[PDB]
Amino acid sequence: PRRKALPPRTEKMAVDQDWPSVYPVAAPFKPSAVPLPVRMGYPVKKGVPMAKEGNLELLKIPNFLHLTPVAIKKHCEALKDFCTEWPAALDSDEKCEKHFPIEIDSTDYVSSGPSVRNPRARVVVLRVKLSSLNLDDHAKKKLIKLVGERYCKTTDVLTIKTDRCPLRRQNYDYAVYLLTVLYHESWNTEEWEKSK
Amino acid sequence: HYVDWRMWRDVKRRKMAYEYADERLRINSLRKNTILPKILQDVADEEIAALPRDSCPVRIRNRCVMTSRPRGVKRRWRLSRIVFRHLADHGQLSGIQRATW
Amino acid sequence: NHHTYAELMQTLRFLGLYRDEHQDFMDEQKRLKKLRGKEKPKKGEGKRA
Amino acid sequence: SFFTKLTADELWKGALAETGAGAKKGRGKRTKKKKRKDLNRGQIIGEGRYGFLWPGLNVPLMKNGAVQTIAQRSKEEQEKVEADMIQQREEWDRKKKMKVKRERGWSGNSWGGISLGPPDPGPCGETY
Amino acid sequence: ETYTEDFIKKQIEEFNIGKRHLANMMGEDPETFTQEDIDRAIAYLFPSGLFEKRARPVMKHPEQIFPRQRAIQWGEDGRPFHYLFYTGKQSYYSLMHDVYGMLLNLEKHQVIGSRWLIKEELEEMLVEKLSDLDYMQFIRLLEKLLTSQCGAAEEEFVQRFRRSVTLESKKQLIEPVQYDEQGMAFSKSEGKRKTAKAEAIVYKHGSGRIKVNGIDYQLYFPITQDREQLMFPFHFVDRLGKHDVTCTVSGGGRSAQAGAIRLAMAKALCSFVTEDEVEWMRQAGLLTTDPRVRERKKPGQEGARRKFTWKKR
Amino acid sequence: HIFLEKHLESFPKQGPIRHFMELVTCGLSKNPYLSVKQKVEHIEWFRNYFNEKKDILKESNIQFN
Amino acid sequence: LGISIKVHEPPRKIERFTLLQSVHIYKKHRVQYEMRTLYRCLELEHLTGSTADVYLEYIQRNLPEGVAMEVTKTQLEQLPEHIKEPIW
Amino acid sequence: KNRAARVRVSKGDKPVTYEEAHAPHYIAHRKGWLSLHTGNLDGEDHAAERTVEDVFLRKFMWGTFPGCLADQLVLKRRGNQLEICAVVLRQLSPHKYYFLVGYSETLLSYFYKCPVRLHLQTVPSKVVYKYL
Amino acid sequence: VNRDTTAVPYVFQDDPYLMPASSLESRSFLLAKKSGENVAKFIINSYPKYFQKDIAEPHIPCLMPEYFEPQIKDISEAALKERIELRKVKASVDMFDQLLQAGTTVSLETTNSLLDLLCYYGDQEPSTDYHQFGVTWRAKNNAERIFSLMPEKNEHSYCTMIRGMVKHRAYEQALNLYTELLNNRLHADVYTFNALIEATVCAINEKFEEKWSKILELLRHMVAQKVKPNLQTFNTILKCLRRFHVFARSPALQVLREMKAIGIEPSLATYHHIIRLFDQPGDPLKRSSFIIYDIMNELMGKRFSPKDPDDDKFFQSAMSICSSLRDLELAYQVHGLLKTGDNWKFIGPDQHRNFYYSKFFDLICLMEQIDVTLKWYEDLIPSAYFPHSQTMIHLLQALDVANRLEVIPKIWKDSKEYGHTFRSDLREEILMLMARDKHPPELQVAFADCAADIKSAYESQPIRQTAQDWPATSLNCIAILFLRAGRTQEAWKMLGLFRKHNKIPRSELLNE
RNA sequence: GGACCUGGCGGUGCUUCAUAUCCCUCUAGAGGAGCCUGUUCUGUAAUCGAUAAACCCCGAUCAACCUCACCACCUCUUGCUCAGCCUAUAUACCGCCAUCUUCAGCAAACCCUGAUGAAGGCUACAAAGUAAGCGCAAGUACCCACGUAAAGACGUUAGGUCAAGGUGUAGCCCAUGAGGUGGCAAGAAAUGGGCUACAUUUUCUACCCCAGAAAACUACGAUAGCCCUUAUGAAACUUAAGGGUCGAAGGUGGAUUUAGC
Ligand SMILES: [K+]
Ligand SMILES: [K+]
Ligand SMILES: [K+]
Ligand SMILES: [K+]
Ligand SMILES: [K+]
Ligand SMILES: [K+]
Ligand SMILES: [K+]
Ligand SMILES: [Mg+2]
Ligand SMILES: [Mg+2]
Ligand SMILES: [Mg+2]
Ligand SMILES: [Mg+2]
Ligand SMILES: [Mg+2]
Ligand SMILES: [Mg+2]
Ligand SMILES: [Mg+2]
Ligand SMILES: [Mg+2]
Ligand SMILES: [Mg+2]
Ligand SMILES: [Mg+2]
Ligand SMILES: [Mg+2]
Ligand SMILES: [Mg+2]
Ligand SMILES: [Mg+2]
Ligand SMILES: [Mg+2]
Ligand SMILES: [Mg+2]
Ligand SMILES: [Mg+2]
Ligand SMILES: [Mg+2]
Ligand SMILES: [Mg+2]
Ligand SMILES: [Mg+2]
Ligand SMILES: [Mg+2]
Ligand SMILES: [Mg+2]
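These protein sequence lines are chains A, B, C, D, E, F, G, H and I, in that order.
So the first sequence is residues 146 to 341, counted in the working numbering.
So the second sequence is residues 988 to 1088, counted in the working numbering.
So the third sequence is residues 12 to 60, counted in the working numbering.
So the fourth sequence is residues 8 to 135, counted in the working numbering.
So the fifth sequence is residues 29 to 341, counted in the working numbering.
So the sixth sequence is residues 32 to 96, counted in the working numbering.
So the seventh sequence is residues 1110 to 1197, counted in the working numbering.
So the eighth sequence is residues 7 to 138, counted in the working numbering.
So the ninth sequence is residues 112 to 623, counted in the working numbering.
No lab work stands behind these hints: they were computed from the structure.
It is possible that some hints are incorrect.
Below, in silico cross-link-like pairs of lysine-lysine (DSS-like), each with a Cα-Cα straight-line distance of 25 Å or less [what the hints assert, rightly or not]:
hint: 1; chain 1: B; residue 1: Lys1025; chain 2: F; residue 2: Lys85
hint: 2; chain 1: G; residue 1: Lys1137; chain 2: B; residue 2: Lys1061
hint: 3; chain 1: I; residue 1: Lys278; chain 2: I; residue 2: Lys251
hint: 4; chain 1: E; residue 1: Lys88; chain 2: A; residue 2: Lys157
hint: 5; chain 1: B; residue 1: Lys1002; chain 2: B; residue 2: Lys1061
hint: 6; chain 1: D; residue 1: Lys20; chain 2: H; residue 2: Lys132
hint: 7; chain 1: D; residue 1: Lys41; chain 2: D; residue 2: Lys102
hint: 8; chain 1: A; residue 1: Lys287; chain 2: A; residue 2: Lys306
hint: 9; chain 1: A; residue 1: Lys191; chain 2: E; residue 2: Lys220
hint: 10; chain 1: E; residue 1: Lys220; chain 2: E; residue 2: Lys199
Cβ pair distances, simulated, as ranges [to be verified]:
hint: 11; chain 1: E; residue 1: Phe79; chain 2: A; residue 2: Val170; range: 28 to 34 Å
hint: 12; chain 1: I; residue 1: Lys371; chain 2: A; residue 2: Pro232; range: 49 to 55 Å
hint: 13; chain 1: C; residue 1: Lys44; chain 2: B; residue 2: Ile1047; range: 38 to 44 Å
Where is the CB? At the ideal position from N, CA and C, for every residue including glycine.
The whole structure should be built from the sequences, with the hints applied where relevant.
Now the structure itself:
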């Protein structure tokens, strides 16, 4: 005799079970494992949406059965031990600017495929306010001319974008190097400057 | 095992162009300025002209990778319109649908 | 790499792990052309000699 | 090219030419039409030209209570398999050509006089 | 695909067990889990972006999902239950017989918010298929029943075949009257014309000043026709020189911007005029968003409508 | 990656060969697709190329080593 | 996890392109295709690097098939010590 | 008349699946996509490479499970994971399905240099949506 | 997350047609999947050029083909070391012979590296993908030939010869070689002594007192040579004393107390050997009772790490005594230790996992309340293991003792789902219990729906190829259940089967 | 040969209509000039296909080499391929389409009428039809319920495409296959589509709508010709861009004809 398929194990599931144990991680829809009479499909005339068994439309969906509200809350209770506490002193953005005047922007790109590489990820953007820097009248004027369009008068923020090095850590160190040589050259006074 | 002899010639052109890319880039740099002497640039002209013809990147043709069709190709997928539509019309190209507006 | 794909799947067919319906179709057409007398000649022994 | 290959259904639908302007109005004086043959009929998954024996696919997984290992049929042992498959294939062709003899009616090519059997049983279990 | 009573009974047992499973998945009380909660949970667990909602995952009660099926119309002996069975339309003709019988008894004794049900709704009350002329004949017979001195018993019957229709009032909505720091009453509205979008602030009291993106309206609109559009709402209600306006407009061209401001000012001006004046502005075309936008070009033709020249033959 | 003038010590300090190589290094310093190893290869190629062309350069009054 | 999060939906992008319908000739008959890219932007604020590693790993591992993520991180840094005072 | 991916009306005896019964204009309206990845989103790269891989896996699985596939493959990519979801018939012995799953997952993992998993859903017979 | 009790193990395909329905299918389905993986690896390694395109970033070293062939074709020392790393016994010997005939110098470290390869595999080639009883140390082998020809021999050279001989059961030769090492004023290592302890016991058959005096002499020699014993030294002593049983019971406990003092920590293997040594056939209550109770008080709440190859045998051994002693409180402590931390990974292979759970569940059904027994039945089967037909019977015997027979139809449904549809001992047991006594009409009807399905099982057996065999008890019970249910028509029809098969009718059936 | 059935057709009847649509009517065009581009002819050693509607900026969202399939010359023979062939056959086909369609019909299975002929099957105060399914419709996309897209069956034109790819049959196999070098791709002429114009509702400049000048042989008018420079490329009288020079036909276009609610 041919092999007879067993009945689906949904018939053994209790209505008060721990569902996260059934779908612990992302997995494709399994009719024999999902105890729901869910149907999908545009119905024919005087018909009904197709049943879940052999339903390709339900297989095409990126389901969230592994991310039920019950699961998310249990998952986050286990992930609290990995987190750190934000300093209470930094209550407002204005207080953050006072103590941490430099902002470093970087971007990570999550795509699907065999290669995790993305050339856009190397870019670094450094933003600082000239008010935060110890610049006298002469130095602030010279710094604005040197940076040109990188400085915005409305916001008083100097934006240095570095993307010429292969790596992000190199583009970060180069942005700091630029801020350092720009700061020290702004304080230096050459003899040709007298001809302003 | 490539689709046809014309795809096989383009495969070879892409391989040889890759091998000579640095050499051609360096020689061209000598020809693409007004700084170096003409006597030096005239020699560089002859040197880049003496390289194999199939090392020249303008001879590379973007053919359909499955059918080798030389025109009607969409660069993003490297497929001819006919092959692209076949996959798109069967719902096998992620996110691609018919446009109505 | 059309060489890799074609050579890999040809090898998998000879190993019995891949069924190439297209190749089987071509093999049956070539088999029936022998019985019909339309066989490929030997190189150098073509109809013109 | 591997990517230029099609399925058997596509290959037979094209090769047979059952649909076309020629079929529309019997535009051609044709008699013997090509008939599609199923090339997967006598084929066993796991069997290849090289004659490898894959445990769990084309040979039993366990032999004498132990798991079998990868093996390959000998050249002689594989020739027999190929010949046996050809003979099995020839039997399929031979039998299909062979036919039962229709009893004729008033003349050899006429339908008149030929029996069609009993009428079909009616919906309400009625029989003739 | 016929569905028997035993099949539906099993489908309802599955839906009730699955209803408790779905509630258990989402950590909600199974007892107070409604159909609105089911739809929300199914949309989260099985997100589908298909434009047609009927093709999306659904977990509905079997009664909602499966079509209505007529029960068997005869018993074991084969005798039909209804005396009009052999007409093939026993439910339709039983209704015509019942309405015709009531019309007879009356003789022996002697609109805005409602409509007649459509043929597809009658075809469900009866659970039969109807022709169009069958539907008309039935309606002609009900209308003939209203014209008579129908009593209470003859009125509950006619109301079964009447469906309440919710008329939507065309009365223009009025914006709230707000107050600024200085205590000046004003209203605010918005308008769209083509790709231009405008937002206008109309003050209850003023001298007739209009600022468009901070500029005097005659400097912003040097074309006299664009200024006539700004005049149109206030002139129509006799309020030229009585309100101050500060509006902002972006997108579109000069004419589309004047149209967007015209609509924004008219809507905001409705807060300071009488209800009868607001209906006159509506009837004058001052409160309707113009839906006329550029039509797309189609492939294979020169323009949105123009075709390529039909080549000489 | 960004400071490649240490690799031009073998080239002339003034003249056209210096001006040309300052453009090469300027372009290499802006290339994030090349490793330091590959950038030096470009520079070393020009150093050898100009050594073989000494006679031609002398005719033009340029002295490469 | 106690992280402050705001959400908004940037405007969608629809890229449309046209292709010939027939294999041969019939230029005036085309088939048009489109790719719809929809966006959701989660904006988290005032979180440490250790909290960002756990949250991003948790939500990146659960990124549905067909969904890409671009996470822009803005780091707070103090002035380099060399820049605090002029040498000159 | 349009032909692309349209199963044409017959005498009412041809069973079609839900995938087969919907022409291309129903894609994203009544039917979803058979592969989901990020290559066709705005600002994403490598769409050409994902497309070649998908065409191979469909041909590969057709010939690796000959006569067993009851519907089109559903291809899912998450990170570097590749999930192949197939609806198959219940004719082949379970031992052969386990052999071919182990064989296919391993062979495809080394071919595309990524962890590949194959998920099989078995049905007694091809699921019929309508008879055209 | 915890184990899903409605599911089979994660390694199987989650599909009702592909899920294993028996312990046999559970074993064979994994072997078929592993076979497919081997066929894939065989192809990948046979045709590596098809699998050399690396599109992964970061690189995945574990998804590239392996190259098992030497790529240095020169005849020199640096080319021999390659064939030794690849473990090519023949090629390395041939390369060593040719290298020697030419007269070139081969270093000592390399000569030893060749012995380690020959002495481990016994001058035989390791198993590859594709090209017990007795001693496997041949009289004339390449290892001995190379060893003799060796010009200079260091301590390591002898040690690898002594360990290899004992590994291949050349116990007598290894002791003879241990004498030369001492005559040459050399010092062996702990690993060599571990092998010599194995040889002292297995070399000859003698009384325990004779064997126990030699071992103590090796250990004292190990202290004279300033060699410190490791865990395997004590584990080999206890493993080798298994033969003597009662004689070694007190000597074996002297080894354990010594481990604690010295500072070596007993592993799971150390207690498995003590458990097996004390669990000799007989009455275990005298001694085995307090050895297992003391072993668990020590191991209570301890997480274990792999230290000895025999660590995966403690849990199988410990449960075996709890069943013998019929102590359910001890069994819970053994299972509790298996459930602390990651101790569940020491259960062992599939054969050890099924034996452990068979003895564990069979002890629950016997000594545990039926309400708790049915909770373990749901938690273990089929989630943890597939039951043998003898546990279904042990389960029915528990329902009988508890007077809960409304569950019998469920046990039959599960039995079929576990591959026991066509077991005779099981169908006879179920039918006898159902038809033993009369029951209320509601229960009697349920028993008749099960007997009918059992009747169908007897009719549609795979033995249908042979003539159908109906036991006498089965026919009597099936008929009686139909009568008591009111399905008299079915009972009257069955009477023909008493004459067809010539089975004696029971007195009770005739009276009813 | 007689009489019929069905279909087609009628410079066929009556009635009612068409809605950018048949006439009249409305607006801007084509048909005239130059130029751009396709095709036909002629020419060339020098492709192919489309080619009334439904070909003619058509396969091409694209030819300086390449592409390339053509011509001349030279070279290779188990050949990138468990060969190859853009060789014949689209009148063998799959595939994807044109066309009516700016249609609403197609039709299984039954039933009935005609004496049980080809055939035919409706009247609602109803007289033999019931009809699954397909299409229309409905839904969906775009900014609505509007509009526009999309959709649009069965068939029609053996309609288009063997040169997208695949493929039946036949044919080539030291060549009808593969490679290299160089070369053709022009204009007596005709014709289709388009572009720019003939100007004062214009031309130039500022501005982006309150201006100043120009305005008939130094006006309007070439995106053409000639010269130079630049860009791309290895390669440019040749392709593109810019500049200079040049300042022609054209003075609003017959019969006829296209598009738009
Ligand atoms: K007629
Ligand atoms: K004209
Ligand atoms: K024209
Ligand atoms: K065709
Ligand atoms: K073709
Ligand atoms: K052909
Ligand atoms: K002029
Ligand atoms: Mg090109
Ligand atoms: Mg003939
Ligand atoms: Mg005859
Ligand atoms: Mg226009
Ligand atoms: Mg069309
Ligand atoms: Mg018109
Ligand atoms: Mg003209
Ligand atoms: Mg031509
Ligand atoms: Mg032609
Ligand atoms: Mg033709
Ligand atoms: Mg050429
Ligand atoms: Mg050419
Ligand atoms: Mg040719
Ligand atoms: Mg045709
Ligand atoms: Mg609409
Ligand atoms: Mg359309
Ligand atoms: Mg429609
Ligand atoms: Mg034709
Ligand atoms: Mg040739
Ligand atoms: Mg010019
Ligand atoms: Mg140039």
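These are the hints, each one checked on the structure:
1. B:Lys1025 x F:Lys85: 14 Å, holds
2. G:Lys1137 x B:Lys1061: With a Cα-Cα distance of about 19 Å, the restraint between G:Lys1137 and B:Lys1061 holds, given a limit of 25 Å.
3. I:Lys278 x I:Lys251: Holds. I:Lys278 to I:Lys251 sits at ~17 Å (cutoff 25 Å).
4. E:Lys88 x A:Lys157: The given pair, whose Cα atoms are some 23 Å apart, holds under the 25 Å limit.
5. B:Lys1002 x B:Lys1061: This hinted pair holds, its Cα atoms lying about 22 Å apart.
6. D:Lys20 x H:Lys132: 21 Å, holds
7. D:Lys41 x D:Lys102: 18 Å, holds
8. A:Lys287 x A:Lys306: 20 Å, holds
9. A:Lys191 x E:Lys220: Since the Cα atoms of A:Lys191 and E:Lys220 sit roughly 44 Å apart, the hinted pair is violated (cutoff 25 Å).
10. E:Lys220 x E:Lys199: 20 Å, holds
11. E:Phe79 x A:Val170: 28 to 34 Å: Between E:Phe79 and A:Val170, where Cβ atoms are some 30 Å apart, the hint holds.
12. I:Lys371 x A:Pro232: 49 to 55 Å: 51 Å, holds
13. C:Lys44 x B:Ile1047: 38 to 44 Å: 39 Å, holds
Of the numbered hints stated above, the single one contradicted by the structure is hint 9.
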